[PDB]
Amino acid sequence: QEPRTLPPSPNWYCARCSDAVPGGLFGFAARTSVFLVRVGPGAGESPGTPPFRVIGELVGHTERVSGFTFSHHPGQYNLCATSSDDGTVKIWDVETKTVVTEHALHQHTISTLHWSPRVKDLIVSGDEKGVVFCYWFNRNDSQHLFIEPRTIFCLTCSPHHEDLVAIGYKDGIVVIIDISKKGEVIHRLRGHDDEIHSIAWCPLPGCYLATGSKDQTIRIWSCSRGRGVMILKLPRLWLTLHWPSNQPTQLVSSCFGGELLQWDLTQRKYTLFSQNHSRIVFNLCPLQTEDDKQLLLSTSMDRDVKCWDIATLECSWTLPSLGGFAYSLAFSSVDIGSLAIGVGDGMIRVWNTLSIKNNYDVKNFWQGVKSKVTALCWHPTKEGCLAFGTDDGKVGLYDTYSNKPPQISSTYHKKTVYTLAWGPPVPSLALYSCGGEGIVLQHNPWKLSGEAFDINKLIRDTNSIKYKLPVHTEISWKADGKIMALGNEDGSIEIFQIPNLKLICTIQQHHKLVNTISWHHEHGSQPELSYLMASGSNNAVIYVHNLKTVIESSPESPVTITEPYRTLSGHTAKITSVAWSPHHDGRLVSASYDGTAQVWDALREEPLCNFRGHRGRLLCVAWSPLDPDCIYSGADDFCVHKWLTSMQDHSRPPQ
């Protein structure tokens, strides 16, 4: 197939944290990285599929990237500069995705930056204390300009003059300054009554300037007269601008709710765009494809990236994104394409991966959830029935086909929900949930307002035992649905059979709390393969257990196992998830806090493939139910990557 990537939402409230270069390359700041996107006939997508692809990630900054600008100089269209909350300004080469050179000249938090449209190596960056810094990376020269003690919001270099730079400030003041004359204020533009959000120059010599402010107005100044000549009032808010070179008469602005407007300059005549943004738009980026098509990309607080066809004024494609950790990934057993994602922004994403019109066809389910979704589980036989657990202990049951809010279980866990599972009830299918406090309880999906029955009562009454039952940290049903497994904080793995939960085996092999348990599917070539059980804990070592010998025994007295059938070693951090491949015999994928996902032949104990695209701790893995080479994985880097095992260059976890 083709690898995909669900990137983190672009950063909010940034005057210029995204840019594009002609031909089809768009970059946007998101968390501590910059994500590059090929756009147009350069992506090489199938017909019907939107012509874009994520291919790049700028890794390096230690905290939030607050600015990003591309070099528009010919021959240098592959160079870009970023500004971070760590006070660095790094120059990148996008072909190599490495840092050319960086500085740390700013002593106060950086606001924005911009690449000189007329100087091949000049970078101008401002900070919150009003300090402006001109930087040339060829000879590593820096001029320390200080204009006014006002917080800088936006900064834009003149396209036509090599030494003029316009600056917008939080108090509504706009000043124009000469870089050669020691930062001499050339003009002081007073008119705006709130924060300046965007400064746009006229792309034609002879000059003119445009500014958009939180006072809901757009002002157009004359750098000759040093005052405004026309004022446009829109009909919270961020007001960014775009003055297209092809249409010098027109001017495109953002508006309330992320609406976009195209201001004609014959009168106040505007045209409304349109599949529309639902929250305020921060940046507008234009790019021209090789196909001579003029597009405009928009980032917004609604966590989407939209590409607009300037000719039709309608939305070509929409790129969703994530705002939280990808806690949970689950594929529906009936809808092969449905990929449910549990995100730390309380919102459940269902990714129809089978959509042929759209590669990123994702649907959001926010209503009803107000906390991070740490567990998901599709119903085995029911299309659209999806259960979810939250970080504060709430258990739900969505209906993705309906439009109603989810059904929240009346019984909440005291801690975060670790995992969910569908199995047979004990006192057609019932819902099982494991809390962080150690309690596993069973929910009736039909009578859902009734209390949840704590299954530890059952374990104590069937298995003659008054023991203080351990802290349960896992639950995983056998494929047949006749055997249940529990993981515990000590590291034990109790095995249960029958409907009364007769404990018949305790697996004391791990030495920290269990974090994942997965049974092998029964579709394989051999039958005994169904009895294999993978498990991971806070130890970096993964164990496989064959339980055929004990389940066919079904002893009256439980047994204890201390030798594992297979031992997978290589990880260097705790294991978060393991999943058996449905397409192979004994093929296991594992995620770990080492930042890697690892495929191995669990039968021969052979490491096959190691995925290192993530820049954080992986929290979930799911095998693609339709492509035997494809795996989806999500991490605490706000990403979900879809990768192929054959295209990875490393076969083993790093050491």
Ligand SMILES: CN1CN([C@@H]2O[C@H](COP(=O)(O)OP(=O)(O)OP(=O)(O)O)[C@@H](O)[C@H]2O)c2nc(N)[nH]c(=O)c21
Second form
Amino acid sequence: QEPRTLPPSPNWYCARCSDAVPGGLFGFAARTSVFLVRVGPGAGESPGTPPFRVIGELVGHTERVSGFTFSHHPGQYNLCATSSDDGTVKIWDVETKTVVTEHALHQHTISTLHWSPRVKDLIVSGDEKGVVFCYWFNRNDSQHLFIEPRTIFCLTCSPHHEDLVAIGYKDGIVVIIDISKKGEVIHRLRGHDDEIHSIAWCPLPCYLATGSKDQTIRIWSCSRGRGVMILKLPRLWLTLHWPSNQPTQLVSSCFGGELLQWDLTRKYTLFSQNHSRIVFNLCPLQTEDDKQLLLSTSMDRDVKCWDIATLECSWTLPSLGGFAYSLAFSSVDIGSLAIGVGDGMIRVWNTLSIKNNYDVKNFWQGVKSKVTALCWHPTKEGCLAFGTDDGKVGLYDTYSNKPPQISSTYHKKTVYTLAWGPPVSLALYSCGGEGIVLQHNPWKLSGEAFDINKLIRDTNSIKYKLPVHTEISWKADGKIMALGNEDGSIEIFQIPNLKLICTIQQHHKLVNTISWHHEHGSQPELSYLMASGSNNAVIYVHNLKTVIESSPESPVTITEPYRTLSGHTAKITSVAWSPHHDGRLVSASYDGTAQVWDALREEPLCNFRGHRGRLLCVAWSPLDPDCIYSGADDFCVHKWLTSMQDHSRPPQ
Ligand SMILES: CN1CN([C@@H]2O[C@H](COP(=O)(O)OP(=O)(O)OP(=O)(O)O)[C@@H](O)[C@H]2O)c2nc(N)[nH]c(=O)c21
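With the form deposited without the named molecule in hand, show me what the form solved in complex with the named molecule looks like.
Complete assembly follows, chain above in first position.
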């Protein structure tokens, strides 16, 4: 297939942090970025597959992006403006994905901006103190305005005269100002009782609409400054869209993210598959093929498309609300990719959706915190173990509707590893940051869970305190278990009773990740290859085929590696052997890259730099050999191709 991006959620409680220009380009603000989605025929997808593609990220802001508006002037649809809590308002070109200009005029946290419908280079920004700036970027000018000492929530330039701008406030007040008259208040619009969420001008000449947290929409005659009709709706963000096609109809959000189309001529109509939590923005987009769509962003972290002719949802783009901590592919369901997210939901992604590139199912029940580990049962379908940062281990029947089973036992600290292995029918092993590895019974998960350090102590000859275990990986045949430790040690234990056969002292810091090379290779000696990463940059590979066959009486110490992979410049969070190759490793690092290695020749192959933060996990696509999935603390998962990469090594 082609690349995909599982992007961060659109930001919440912003009057305008997303917009769309006609033809088919949609942009929404998410974390520190603006993500770009070409929507329509020009997105290039099979008739049946939803016509959208995430194509671009606008990279450059330092803190939360508070506002985003496109330039809607014909032949200039490629410009757009952003505001950010870093005090910046940047002008962007979407073809280059770069900044054209900016201004740090605002001395207080910006609330919103808006690109004038009439003046080709005028962007009007307002902050939480009530200060409004006007910025003409092609003429290099900047008019300062102060209207009143109140918290600006929204701001909409008039489509019908260059000088009028409506401003809504946290306390319900709405006013219309004139820039050419130095911010004079022309119309005070008295009526609202609470937070103004949106202001939409009538598209034909003038009237004016406002949605407020006081559960009413209001239309105003901006001539006689009076309110000529009030609409009460049947937790709330109340955003509006006045369609140019139906100048007599009006779209609004409603409780629970429900969307309405009212009739100006007490009457409403329902959309639809609907949103489940409050909706923040609504963006009209007319495709090349003349379809009238409307894009909606929502607290439920879905980005939905609506066909205004049918008022049904054409597709949904889901998003991630926290770090992508974990990626697990199922061996029973081949395309099934489990994602552990910091926002407390597991994502299972059918990466083989015949007619849907983002077929993702969320799992709310049971989980109530950062999912930091995941593992599929090797044989049972739908069987998915997860661990959290509250130390909770859990099991999940992902075909079922029903809330998961929780282990009666919690780890003291975060759950970083989960592996299935034989009991010491199949047992769940969970490792916590405190250093305990526990053995769970899936049959009776509420019962006793045995800390395996007691058997390690019984079956070996111990007179010291055991290490703090930080990572567990079983070998492919289910006969050798490796534990990584805080000191950097890795310990090799043999099948029935965790007999220790070997200790590797190669790392000098905490081990984060161990992976054994797969058995499906084209040669035996490879399944005994172990890859490991620690809080240091250098990755090691070790060849344990001697000591496992040697089956020693006493445990042996190893101080020399089989292969050394230097390149990364920060800790290694995850490593994975390619299932389609022999000795090909991918590694995720805190240096924000992922490196593909041919581990046998100590050769760097390619380096993925598409992430915007520290990487936490990597998983090879189980069917495409040049395709890999990544997860980082940028609230993203990228599905990228080895062959599309520009660099072979990690930076420095
Ligand atoms: C403490 N860690 C951290 N860690 C790796 O680091 C990532 C983030 O962990 P974290 O909760 O930020 O731990 P922390 O030490 O605070 O991270 P940092 O100090 O780098 O910010 C995880 O995705 C995980 O792969 C770990 N992995 C294993 N196996 N065992 C561990 O004890 C730990």
